[PDB]
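Just the one chain here, the form deposited in one PDB entry, laid out as structure tokens.
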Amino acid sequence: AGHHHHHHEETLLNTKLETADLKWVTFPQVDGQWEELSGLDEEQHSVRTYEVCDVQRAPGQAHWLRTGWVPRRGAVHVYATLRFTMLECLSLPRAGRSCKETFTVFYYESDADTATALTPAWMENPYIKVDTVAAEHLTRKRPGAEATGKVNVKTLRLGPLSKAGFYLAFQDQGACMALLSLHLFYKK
């Protein structure tokens, strides 16, 4: 009945507990790229968010977003909890053939923070595929007027990790999604 498991969690990165710009790296740097701005979440507190919604405009294009360099500290396996909203494609006006209700996640380790805006190759290898992430819940909106929806929560797993640090990237291929927050941590 009263058996206990204590397992302490150490945060690698938490966007919710930041009150300044996140300044993450995007590629290619074109109108339609992911974009940083403030918003509210289901807790109703103002946080740093990332949005992409280039659903008819995209022609075979990948919008990548990549975090800053994250010290692994002592983590071998990292957890990455994402909170997001994803729009239903057949409910968006001007949504094309390109429209996805999913997105993909990757990581890259390196011994130092030596990633740039154009290096390394923005493509799987040297990037390591974590998962393609689909939405259990879709949001429907009418511009200026009204919205229905629920926030998606997904925790992905990643590793084993070896090097001093890593970066986490998001690849969009046609979704209309807000990344409300990302929490990377490990359990000691």
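Residue numbers count along the first chain shown, from 1. Note that the rigid core is defined as the largest set of C-alphas that superpose within 1.5 Å between two forms. Only residues modelled in both forms are compared. First, how it differs from the form deposited in another entry.
After superposition on the rigid core, the Cα of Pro71 moves by less than 2 Å between these two forms. A movement of the C-alpha atom of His45 reaching 2 angstroms or beyond is seen between these two forms when the two forms are aligned on their rigid core. Comparing the forms between these two forms, the C-alpha position of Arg142 differs by 2 angstroms or more, with the core used for superposition. For residues common to both forms, superposing the rigid core between these two forms reveals consecutive runs of 3 or more with all Cα shifts of 2 angstroms or more at 41-45, 96-98, 141-145.
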Given for the second form:
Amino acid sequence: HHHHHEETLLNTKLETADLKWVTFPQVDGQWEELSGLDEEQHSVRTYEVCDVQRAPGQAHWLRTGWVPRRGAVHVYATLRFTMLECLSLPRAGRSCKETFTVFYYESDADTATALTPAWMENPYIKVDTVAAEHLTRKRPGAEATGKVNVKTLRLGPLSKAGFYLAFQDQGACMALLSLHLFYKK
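Moving from the form deposited in one PDB entry to the form deposited in another entry:
Partners and other molecules omitted; one chain follows.
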């Protein structure tokens, strides 16, 4: 910031192979990585989950790789996502949700495992339960119609060498189309 600018820490749309994000507990209905398309019609890695019929009360977790924070005291996280209208999903029931919750946890090295940091608030720091202003609709026989949602969250103040972001779903039906972490330098 001898020249002032925003500096990227992570941009999923630039991943050319697979993201390798870690999921838990890896049961039926788990988060799945899928190839999607961005605004330039280029292939990008995305994550989807839609466990609304079988077990809408089962939590499904998704964790990023470890992100070294460099000088950053606050980091911004821009999330772009589709959220299905519960009423469009056949045999979704009363338990279906139209939100997901975003957490982070700071660590001094990339020490996470399949089971740790423990998959729960504390250690994870709850940032926001994110609502969707735009619901995607699908009517029998027809193409889905909808808009993409965007939410930017501010994380910090940060003090350890790096951090993980984690997403908790429980009975929602959504596609995480992109994550971009950046800070002001």
